[PDB]
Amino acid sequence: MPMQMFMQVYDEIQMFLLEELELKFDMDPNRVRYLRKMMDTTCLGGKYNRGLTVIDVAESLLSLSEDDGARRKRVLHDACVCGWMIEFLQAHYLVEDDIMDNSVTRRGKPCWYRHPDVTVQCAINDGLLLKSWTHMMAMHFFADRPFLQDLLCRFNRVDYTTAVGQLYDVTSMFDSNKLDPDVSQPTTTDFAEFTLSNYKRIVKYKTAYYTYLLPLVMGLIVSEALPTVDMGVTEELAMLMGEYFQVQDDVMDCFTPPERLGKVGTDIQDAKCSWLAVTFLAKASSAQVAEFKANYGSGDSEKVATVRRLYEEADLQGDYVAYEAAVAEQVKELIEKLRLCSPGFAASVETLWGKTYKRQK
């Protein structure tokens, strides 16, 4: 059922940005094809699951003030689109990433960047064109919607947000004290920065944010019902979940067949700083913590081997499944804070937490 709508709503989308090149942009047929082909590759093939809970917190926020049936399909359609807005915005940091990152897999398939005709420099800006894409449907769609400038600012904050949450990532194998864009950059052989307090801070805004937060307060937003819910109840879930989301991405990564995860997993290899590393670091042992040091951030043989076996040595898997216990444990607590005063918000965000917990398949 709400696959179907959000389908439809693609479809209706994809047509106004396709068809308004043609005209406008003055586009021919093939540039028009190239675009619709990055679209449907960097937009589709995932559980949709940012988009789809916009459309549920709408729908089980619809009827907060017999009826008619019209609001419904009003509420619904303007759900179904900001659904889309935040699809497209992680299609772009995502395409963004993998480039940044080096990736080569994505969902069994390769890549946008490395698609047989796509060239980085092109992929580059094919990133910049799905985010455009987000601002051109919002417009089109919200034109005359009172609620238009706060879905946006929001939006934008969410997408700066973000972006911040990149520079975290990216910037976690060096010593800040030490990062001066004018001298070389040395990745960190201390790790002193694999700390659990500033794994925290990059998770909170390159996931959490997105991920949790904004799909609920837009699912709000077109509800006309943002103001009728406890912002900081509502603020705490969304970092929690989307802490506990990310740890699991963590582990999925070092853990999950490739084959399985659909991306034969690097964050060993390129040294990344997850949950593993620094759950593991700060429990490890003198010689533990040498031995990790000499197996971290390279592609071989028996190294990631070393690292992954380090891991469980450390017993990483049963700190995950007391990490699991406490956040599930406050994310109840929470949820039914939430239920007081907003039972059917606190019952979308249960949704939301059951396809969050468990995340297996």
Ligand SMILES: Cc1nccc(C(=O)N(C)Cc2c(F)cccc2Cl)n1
The other form holds:
Number of protein chains: 2
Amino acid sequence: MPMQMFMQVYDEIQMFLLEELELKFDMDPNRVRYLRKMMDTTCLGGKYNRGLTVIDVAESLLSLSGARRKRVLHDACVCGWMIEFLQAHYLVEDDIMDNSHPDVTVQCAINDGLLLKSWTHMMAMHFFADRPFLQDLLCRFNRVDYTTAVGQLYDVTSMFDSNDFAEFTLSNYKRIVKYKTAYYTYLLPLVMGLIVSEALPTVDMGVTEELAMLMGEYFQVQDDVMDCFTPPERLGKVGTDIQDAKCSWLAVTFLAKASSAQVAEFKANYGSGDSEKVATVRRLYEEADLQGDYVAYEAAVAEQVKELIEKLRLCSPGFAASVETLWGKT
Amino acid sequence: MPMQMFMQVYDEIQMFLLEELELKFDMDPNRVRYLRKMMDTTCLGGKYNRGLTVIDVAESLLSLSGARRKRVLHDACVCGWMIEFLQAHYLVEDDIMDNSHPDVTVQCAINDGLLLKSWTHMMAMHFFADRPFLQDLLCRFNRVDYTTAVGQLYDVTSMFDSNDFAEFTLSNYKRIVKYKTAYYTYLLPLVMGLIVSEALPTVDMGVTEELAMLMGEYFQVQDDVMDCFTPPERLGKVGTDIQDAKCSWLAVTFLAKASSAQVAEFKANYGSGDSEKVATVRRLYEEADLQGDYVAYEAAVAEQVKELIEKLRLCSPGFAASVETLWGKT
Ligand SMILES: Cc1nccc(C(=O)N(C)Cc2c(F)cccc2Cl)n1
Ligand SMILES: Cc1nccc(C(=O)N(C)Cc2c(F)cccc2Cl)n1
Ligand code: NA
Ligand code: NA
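Instead of the form deposited without the ligand shown above, give the structure for the form deposited with the ligand bound, please.
Entire complex below, previous chain first.
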């Protein structure tokens, strides 16, 4: 039911946006079908983890606060697609970076990124036009989007001096995860479910924020280990953190427990595209027993998560019963 | 006074944004100074035509409707910088297209473009937090921003079939000018001046929209002719419309009055980087007496502008006395 309903609302949102362009923006059919194909290509196909969470939060809050049910669930579906379109916008922005007379493909990619972001506003301004939360929804959405761009700056420049391994620390790694990922992937869907369920001021936002940051940290650490050790045909992509000199959990944990000569061997091999230098880094990770530390670190984070949900149910029992699927889905 | 006041409010907006990052987004001083330099580089140095217009509209409306004066003028200055930051965002997006291991300059440019746009929201959400128009201001701003991205699509794909000279027509040229430029350069500053002056529903928006589109058309036609005939050291850049096969006023006017063999000569030479093919196109423009038609076309547009301002003063005399500088500044 949630996935089926989420996909029906997608057709409703797409048709509004495309008809709006045809009827109010003077768009010709060729470009309308061009934009329908682009929207499907960039927004569909993922797992919809962020979008379906808005639904799951909304349905749990109308079970413990007729027509109010139908409207809230539909509102949650629009909010879910706002985040999905936002995610598609971020992915298109990423494709422009690694992809490299007017090159019309780079022009259209930049145009795609601007349209996907604007569509989050257009669908909000339309389907929520008569909602009292429309102004608060836009402000929280815009602020979280700003947060993500700030975290991208922290990530992209973690190895330099914005006009290097000093910023390879656990607290900075958490700062990167916090802003680059956790706020829009974990905090934003939860907040949006609360907004459409009219239960925003009824929850402890501090414990909510703290949970979202902890869950983003847990899933980024797992992502970092898989990026390095999971082979490409099983990970789904090519792990490139070592070559890209990312401030990953493996790097900052290694630098703390490595010897001075191992740090020199790591610093001399990190951030290179050569096959043997990357393998030299993986060898250092293995010999430092990092995957042994990975299990303990995740377990400790899991314990902080498995216990912070309890502080939240004492004032919001249904809300905490929506984050129940944080471990019904890893 | 307007320029001096506009620049003081810039310092106020910059300091808020940078302190917000330092105090609420955990940003380190090195990156704060990096962002101060980026903000100055991208937002300052232009002519501030869009931003100062919000001020000029605001000061004319408090002369024919104490503390309300000071607040409205300051609000107009923030709205002016929203458009300037929006313009800087569009320029950065343009630099990414023509500029072409993780290339950190392309990553930072994309990051710059996201930050400049988000800053328009952050300064609005802060300085207008207690204003009743904050929700309407954001929606009109977001819609105009969406409009511009749609016009960029019309422009960038004017010579192809979105998966060619059929779309080289006067009505499509106006459609490109309308969405790509006129809405955010001419309509948006006027609307924003009305919003902060609490005089939005007091003006004929139709004549206002019609004037903004006509003034954008006039200045784009003049821009198109200068791009082709004004030498680079006098234009300020290198005119590249012929090489880029832009749907310019010269091209669509030429295609209407050229002979079948001249059209073939134009089609065989348009959109090339070769020195002689570009000069062949300029030769065709000269022999078709296009610069003779340019004077008449601008004069006719000027007459429509010099007369549409009168329809607006019969219900908004002070407003039309703000667009007076449309010809006190060409
Ligand atoms: C890509 C990815 N990897 C792992 C998890 C997620 C995710 O956000 N989920 C599963 C939904 C979710 C949420 F939106 C907010 C708070 C908790 C949760 Cl569980 N996404
Ligand atoms: C780059 C450029 N070239 C020519 C004109 C402008 C411009 O927008 N001006 C001068 C301000 C302005 C406005 F914001 C709204 C309506 C009318 C006017 Cl006159 N900008
Ligand atoms: Na998702
Ligand atoms: Na301007």
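Positions refer to the first chain, counted from 1. Superpose the two forms; the largest set of C-alphas matching within 1.5 Å is the rigid core.
When the two forms are superposed on their rigid core between the two forms, the C-alpha shift of 2 Å or more among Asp78, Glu87, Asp267, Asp98 belongs solely to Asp98.
Core-superposed comparison between the two forms: the C-alpha position of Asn30 differs by no less than 2 Å.
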